[PDB]
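Each chain is listed here by its residues.
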Amino acid sequence: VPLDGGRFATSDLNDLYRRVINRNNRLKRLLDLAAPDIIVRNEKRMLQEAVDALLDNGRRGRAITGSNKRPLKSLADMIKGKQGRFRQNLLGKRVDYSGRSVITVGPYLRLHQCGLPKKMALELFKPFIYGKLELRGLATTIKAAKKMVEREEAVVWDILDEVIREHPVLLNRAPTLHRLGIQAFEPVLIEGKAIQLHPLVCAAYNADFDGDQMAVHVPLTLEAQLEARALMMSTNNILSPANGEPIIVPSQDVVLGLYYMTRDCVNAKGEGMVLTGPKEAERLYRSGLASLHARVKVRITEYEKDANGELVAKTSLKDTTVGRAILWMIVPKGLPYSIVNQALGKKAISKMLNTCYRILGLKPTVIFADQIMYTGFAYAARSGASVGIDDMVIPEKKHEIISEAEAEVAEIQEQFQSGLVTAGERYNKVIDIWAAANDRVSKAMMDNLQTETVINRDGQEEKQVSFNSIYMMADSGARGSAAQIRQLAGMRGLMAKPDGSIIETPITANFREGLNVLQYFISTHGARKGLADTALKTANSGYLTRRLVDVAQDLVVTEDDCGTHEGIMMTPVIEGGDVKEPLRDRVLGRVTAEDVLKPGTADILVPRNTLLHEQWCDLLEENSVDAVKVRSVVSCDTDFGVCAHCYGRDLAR
Amino acid sequence: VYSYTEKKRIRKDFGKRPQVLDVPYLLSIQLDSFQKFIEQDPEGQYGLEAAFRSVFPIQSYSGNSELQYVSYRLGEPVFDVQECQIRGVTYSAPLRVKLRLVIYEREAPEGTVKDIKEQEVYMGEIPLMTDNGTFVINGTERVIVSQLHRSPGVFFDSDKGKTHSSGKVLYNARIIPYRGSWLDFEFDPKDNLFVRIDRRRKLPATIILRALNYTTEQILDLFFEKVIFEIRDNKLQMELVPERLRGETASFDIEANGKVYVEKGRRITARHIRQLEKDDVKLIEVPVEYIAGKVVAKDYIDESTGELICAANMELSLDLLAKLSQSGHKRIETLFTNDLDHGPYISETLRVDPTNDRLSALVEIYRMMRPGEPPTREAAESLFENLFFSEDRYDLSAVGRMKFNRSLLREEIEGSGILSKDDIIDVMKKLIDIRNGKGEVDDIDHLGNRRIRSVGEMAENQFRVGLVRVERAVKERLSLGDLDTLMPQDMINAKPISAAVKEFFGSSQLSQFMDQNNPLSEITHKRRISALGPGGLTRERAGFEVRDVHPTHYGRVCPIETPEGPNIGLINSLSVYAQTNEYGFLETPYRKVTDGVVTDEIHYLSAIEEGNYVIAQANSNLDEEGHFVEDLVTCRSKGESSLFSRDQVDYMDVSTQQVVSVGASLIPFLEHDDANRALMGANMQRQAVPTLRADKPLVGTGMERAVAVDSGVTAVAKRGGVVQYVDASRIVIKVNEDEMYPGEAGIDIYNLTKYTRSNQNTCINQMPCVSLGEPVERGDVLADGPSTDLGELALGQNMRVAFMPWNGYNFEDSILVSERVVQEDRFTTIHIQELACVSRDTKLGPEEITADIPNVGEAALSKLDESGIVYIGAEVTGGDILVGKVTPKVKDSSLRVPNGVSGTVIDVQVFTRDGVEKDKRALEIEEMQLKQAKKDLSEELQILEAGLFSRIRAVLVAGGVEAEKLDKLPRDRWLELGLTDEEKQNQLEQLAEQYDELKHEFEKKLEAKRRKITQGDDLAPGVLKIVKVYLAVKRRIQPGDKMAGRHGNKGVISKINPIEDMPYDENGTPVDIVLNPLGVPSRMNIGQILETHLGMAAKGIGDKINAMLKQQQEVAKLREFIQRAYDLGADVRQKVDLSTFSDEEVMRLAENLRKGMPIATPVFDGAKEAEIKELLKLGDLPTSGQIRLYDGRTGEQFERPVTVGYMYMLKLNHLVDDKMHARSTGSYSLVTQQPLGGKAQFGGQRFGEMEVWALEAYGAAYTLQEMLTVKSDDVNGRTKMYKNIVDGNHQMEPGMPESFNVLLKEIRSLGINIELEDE
RNA sequence: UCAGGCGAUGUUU
DNA sequence: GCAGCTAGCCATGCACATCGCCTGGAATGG
DNA sequence: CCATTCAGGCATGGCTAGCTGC
Ligand SMILES: [Mg+2]
Ligand SMILES: [Zn+2]
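Protein sequences, first through last, are from chains D and C. Throughout, PDB author numbering is defined as the position within the first sequence, counted from one, plus 252. Here the second sequence stands for residues 2 to 890, 913 to 1342, numbered as in PDB author numbering.
If you're looking for bench data, these hints aren't it; they were derived computationally from the structure. Please note that a few of the clues may not be correct.
[Unchecked claim] Now the in silico label distances, taken between C-beta atoms and shown as ranges: (1) C:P855 to D:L474: 52 to 60 Å; (2) C:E392 to D:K334: 42 to 50 Å; (3) D:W409 to C:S917: 28 to 36 Å; (4) C:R647 to D:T786: 43 to 51 Å; (5) C:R202 to D:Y795: 30 to 38 Å; (6) D:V407 to C:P855: 24 to 32 Å; (7) C:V170 to D:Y795: 28 to 36 Å; (8) D:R322 to C:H1023: 51 to 59 Å; (9) C:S917 to D:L474: 47 to 55 Å.
Note that CB positions come from ideal geometry on N, CA and C, so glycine has one too.
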């Protein structure tokens, strides 16, 4: 390598061969004059040492250093190791036609398309642009065309649009855990220099917008374009191959939006009136003549498909809330109603989307997802849920509780001072008393928040669930939990110790009031412990994943049906406590082995070679089934593969 | 009372705890250490002196030739700081040393012959430290972090746990000197005591014991204790210290005075012992069987024939009893044992012993030290003598000796730097004692055992290495010296010394490239404390333990500031008040407690010293007279807090800040946030960028002033005085006579570093902030540096923000930013880049810099002068040419703008090795700088003389005043004006002599400077000229640049909305930034909300004032109002008596408030809710801190009252235009035909192993096939792909990966043979 | 165009 | 016993993707 | 400068030499 000037950064390989050759030649020379045996032996020794080094430095005693201190890099080096060829240029490698930048939000896209910066596109598609150019003859030769692009003249942008119009790209994020970590999209040309990505797929990428970077690749071969559009465009991953549940579950902003858009007040504008149609419902809410949310009777209409795949109309009156109806306006035809009648928490809307899918196919579900997002942001911003200090309500009896605990601890202290008890059980008494006090505190604060709302009703007074912003953000399921809002309002209680055991004097003060020094000092190492543990945990997990893939690599579903009669007996699992997994979810999606009979004997219920989807599973729950012998990959009788019917539903489809 | 400058903008201050000890200087570490490294100090004591007096004098090989030291001296730099940066050569200073070689006569005692005095021989230069603690190595600005590492001395560790899962614990002990080889003792689970040296192998410690010329009996006598049997007619009377048998049961019968006390099965009891010791007879009855279970102590031999009865280390038996009885030796020496008190460990190891003499001992020693050799006796002798007694190859520090003796409960703290038999033996005794469960192990983590070096230490150690390198050749030539016909400098060689020191500074795990983009960042990255580096440990060989914050970091090492990621708990920052002890430990201040009165006597304490006492926590009220208000109080004693009585206390805290670093003690309201976000916010704050304007953060913490002063990036006047001349370039101050020297009284000038380059390409700059003709006080601000304002630190700006979700545009954490902002240029910031284009003369000929270039555009050429280099001030974009460099073929190698980086060329630099044609533009530039510097020093002398004659006038006023003959005849003709010969006349002569001296020195400095600019400076070998350019981009803000608050609330601006669209208040003002509420209750950084409130309070006071003033209301109203505004609050130490100002002295305060009323907050003592509330109530804004808003889109009313206020946000320096990057088809790596890696190099991304997993996971096949072959490897197929593309035919053809081809070849190089079949 | 060394950045939950 | 056990010694292994910056083989007759 | 030179980990496992049976 010629560096700056007529010098060269030395390569260990060159140095090693050079050493060996010097040694060999001096030796061969000595085999012309018959030096004594001690000489020739020490010489041969040198040479053997040399060759040993060349093949595999280090493996034989102290590695011969190189320039300054380093174990200079040998051939065995150049193969093995985290930087050798196998792991550095064969498994994964660098790639042309690619770019990287910062991502952002842009909530105005349909989720089969993500933004893309204009400069970046132009630079990605230089070839195709040249092509279309000297097709339409606006240019003549390549060199000229290159200069054209350099100029960035007028026609070029139109042509670039033309080549974009249908050609997907792949987006990627670095710590690529699972199959979702790569997806496809269709470009839409944008100013600026950032990538606008549809806000749903953030959850899938596990990628917030706090500066994380994503990379884009471009397919070239026509095969690959089809590959992308048929197997990698986000409109086919709404179900994680991890488990059956969906993955395009909406998240924090939108869930807050819905939760506010559907929740009963008790006495607000526009009450008790009745409304013919969600249409006029929305009309009211925009007019401002009625609450966004107030109990009200309306007429609604729904469609079922109890027929042989054909819809049946019906309609009725319902008792509900304006906003709830307005929500209803969107839902596609074939769905029940009570689904969107309750408070619509996170799990709620998740299950909602799920059932939508597994009754009405795909296209309706996608379009439904997008409508959910739009309406969610709209009404959220309309509401304006904000945090403010006043929200975090310090409880009243907190001081009383903590003083009580103080006194009782002091009494235990006197008891030990009277030598009755021993340090161990003393310690134990104290930890337990603080635990119980903590519980009482948590009860108090959560009570106050959840139920505080108490207002008249055109009658006298009445309590109800609250509109306190923080409790709302919690109960939705958007962010936080009892744990975290507890650390806000009530005392955060107890903290660990460098040993891993626990302190003998808990934190007595929450975050609304400030901590005094020593408390905060403790909390420091409290946090830092996990904060540093996270790296080791990361690494160890990753090593696990690698090892797994390299051992279960070559298993492929090649044959169709081994046609056999084995199986295993799935039963729902219990730990003598309650059932912890219901047979429904443990069996759902796998394939029968021996035809199940009714508990009424000799009354065979399901043929022995069927696949259990929802309706059959529900029939199982009907007839209150015990356990099922079921086909499983562990026992298929294929050769170099695994027969489909022994594997089951392809989750994600 | 406040300084006039302070009066510019006083700051309101909450806070109760009265601060008694002010903040100390923030660079104590750097400056003190280095100032200590370089000084003319007597009596050795840690300097160049120390290293010298160590290494010298060098005596000959008895050739009577002694090379002695005399004295040293450091001259003055050939250059200075400015020109040094400009060129690139280091910033050093000559090293001149007085040595002297004397020669006696042979044949006699010290009969002298001759000496020679090579006065101040040169031995290569060492660098120096600017008065900002920064070095300058090669035009750069590097800094040496201070290292933390294990104190020398000795330690006693558990090694719990992994002990073979036998549930047992081991015990090791380590002696670790400051320079030499280590030493280790440890037990094996079979209770065997072993030593090792530097972790090679294991040997039985008795080996070294015997090695120190000891015998078996010597050793045993020394460790174990004596027990005597005495032969008699019968009953074998034994001697018994009673307490000896306090623990283990005596299975036989024991009587005294006939009276039995103990029998079989009788365990000895406390009353047993008491009555026995009351009896006190130590010649008592014994059986015979029990004795047989012992080990002989000494060595008995036959009565007459003296033949071996029994060697020591031998158990009793029948035959031994018989052969001693036939001797009848009335003395029997044995060694007591007690498994609960006293083990035979040593003697068992003695059993293990292979050898039995000093000689074979040392033999085995060498045989493990260096493997495989016949050991010469005296050779191994000298070797072992050379391990632990070399005055040179081995050394404890004085520090070592101290900590050592202290740990051994010795009495004194001085003596040998090397070991002793007594020392090692005592060590082993301590080890045994702990093995006996008395004496505690000692945790490493305890900062009573970590130690902080610094630059002083580093340079000293390295320099000493250099000297002992030279001394070899020194004594070589000396021993082979001639007859007096030589000279010292003949014998000496600066080459190795300079080599070592340069290697150290310019290349080290410590000496790192100083971050500079932000004043706080500088002053941090100077105080940092790392445990990496030489003589330390590695980024991977440390677990939970050394990372965790031991409970004694308190007040010494900040707990909450540390870079997360790979290395945590390794990059501690040194706390605010922390000081380096005399020895090197970290001591901290405390307040002395008398009987019941808190004296304001500060008092420093180390780590271990703190352990004894008990300390009161800062937040604790008191009755004005050192009386604690309560009588029980929380305190801490020994890693344990509790509540105590009143009389128990010892010492009290200093200030409620002393537990955090400057890296964190700016974060307002820290006391509310969690540690996680506290940390993240601290670092982000460290990464700010200087805006184009500073704007005094509304919500500060009173440390701002301190940091701004202590950094080096602002100008503090060294003497009080009066403004005499302001000018965007310079500032000129007349001094006050009371603080003036008689001679060269004169005045002072401060130049100002104008627009120039950081190490991070940010725009370091300075500005004046004083109007003409104004008083200034000794030690005050004059030149606000980058991101400074009127003397306080200011990083970002304050912005009217509002928490409310909005149409998704703030989905995860995405800030949304109104256009009002980007209009008013309040995040625009400057960047500078340095682009070089060297030129060489190499094979096939020389390069040239003509303006002519083949096959270019005259249009492009238009921006070039006839000399080739662009003018000063063009506006260039990408692709433009800056310098025409040509190659003999002839081919272009011109330097062009990097892609997509606009800007303007602000300055040019040219260098050319001497002996080469200075071309046209070079000459022009040279003459230009010449005129500049001439003007410069000329003006210096001119206005200096102006002031000097003014002072003359001042003098002539008294005594022989002559107004007419004064103001008329030329001021130079003031030698013979009428006045007496008073010392006033003498001082007139003083002024005149300094006049003439200014003249002459001005002359010589002019000349030398001319020659400096005239010469053609050096370069690398093989280069003709170098052309440096400077661009200057003006980055605006735009979608996708990380902004962030001071609480870890990160964010990425995403859409630039038009003024219409931002929500607006009921009164019209829009709101600038919109954050996302959903970000709070998880990242529990609740602080930012309170910050926002208190902000709005401030700005409310503001608008009130601004209205009042635009009303042109009278001053009385303002006095009343502002006075109220400060006087509010429950209780403070602030006290501003606005009734004590002039009417000018106030209106200015108003006009500096009208943007807002800054507010302070000590870290753990700041404001509280009710206080903020009442402040707002003084304002005219609702208590709840929330408002009803309106939506510009619909002009309707949002439903719930939302939160607005002012947050102080920062623009980080991850800028989209540097992250964004792409590639179509660039170069290809040379060894493997793969694309390169990086942005700088026009490389491409890395499609990684996990992505390949991903594609296999989908059914995708063709895609992966492509992205492994066509896009990447095959030369052939790659090109053919490109062709098929441009011809509009999307289709590939595989080929085989060249990389795999390479793998094959490498294996085939190894002895293997891998092939490829063919079916 | 090569290997190091430094920091820094993201993976918080 | 020679069969089996057990202790000690050493081989093997420890996320991914960036972005700056810098700094380099050098020594020794003649 | 051109010819020739040369000092802190942790877990697991797999083995090899003793240790010591019954
Ligand atoms: Mg992130
Ligand atoms: Zn099967």
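Hints, one by one, checked against the model:
1. C:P855 to D:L474: 52 to 60 Å: 43 Å, violated
2. C:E392 to D:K334: 42 to 50 Å: For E392 (chain C) and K334 (chain D) the Cβ distance comes to about 46 Å; the hint holds.
3. D:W409 to C:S917: 28 to 36 Å: The hinted range 28 to 36 Å holds for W409 (chain D) and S917 (chain C), with Cβ atoms some 30 Å apart.
4. C:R647 to D:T786: 43 to 51 Å: 45 Å, holds
5. C:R202 to D:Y795: 30 to 38 Å: 33 Å, holds
6. D:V407 to C:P855: 24 to 32 Å: 30 Å, holds
7. C:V170 to D:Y795: 28 to 36 Å: At 31 Å between Cβs, range holds.
8. D:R322 to C:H1023: 51 to 59 Å: With Cβ atoms ~57 Å apart, the hint holds.
9. C:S917 to D:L474: 47 to 55 Å: Check failed, 42 Å falls outside 47 to 55 Å.
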